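Peer 1: Here is how the chains run, residue by residue.
2 protein chains.
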Amino acid sequence: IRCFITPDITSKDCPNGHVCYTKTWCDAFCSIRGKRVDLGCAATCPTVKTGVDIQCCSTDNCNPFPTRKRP
Amino acid sequence: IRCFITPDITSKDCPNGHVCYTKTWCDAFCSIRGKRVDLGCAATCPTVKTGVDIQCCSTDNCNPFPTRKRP
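Respectively, the protein sequence lines represent chains A and A'. A prime marks a further copy of an entry chain.
For the first sequence, counting from 1, position 70 maps to 70 in the authors' numbering; every step adds exactly one.
For the second sequence, counting from 1, position 35 maps to 35 in the authors' numbering; every step adds exactly one.
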């Protein structure tokens, strides 16, 4: 599967993963900027720590930057 | 944790779950309406079938209707 991977901006091939993921969380700047976001690919929908939020898909290239940083 | 649960519109208490989840997928009407969405609470971030997309959080009430139906 091909997912967008942070920090790169072009879609990467990931032969061993099955989902595309977006992870968003807030810093002191949440309101003025938006959520911080980390884009990747995984074998499985990854585990969240309290306060971080995750989005998982399994369509090629389905993890582009969210806008607000979740939506 | 308290999550929004479909079809109800008021936040429900879920003593045994740890995440709030949003699941979205498309039907023939995707473009004119938006994604179909199912809201719930879980012990863990649930497993996706190809083409369905999932969002998981662990803050009280963090799973309200998405708008577009993912964003």
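Wrong hints could be hidden among the right ones.
Copies of one chain are not kept apart here, so a pair can be met inside one copy or by any two copies together.
[Said to hold, decoys possible] EDC-like cross-link-like pairs, simulated, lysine to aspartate or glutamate; straight-line CA separation at most 20 angstroms:
#1 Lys69 / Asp13
#2 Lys12 / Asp27
#3 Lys12 / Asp60
#4 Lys49 / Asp8
#5 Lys35 / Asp13
#6 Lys35 / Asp60
#7 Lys49 / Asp60
#8 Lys49 / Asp38
#9 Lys12 / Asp38
#10 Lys23 / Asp60
#11 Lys49 / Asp27
I should point out that these hints are in silico values taken from the structure, not numbers from a laboratory.
Peer 1: Run the structure past the numbered hints and jot down the numbers of the failing ones, going up.
Peer 2: 1, 2, 4, 5
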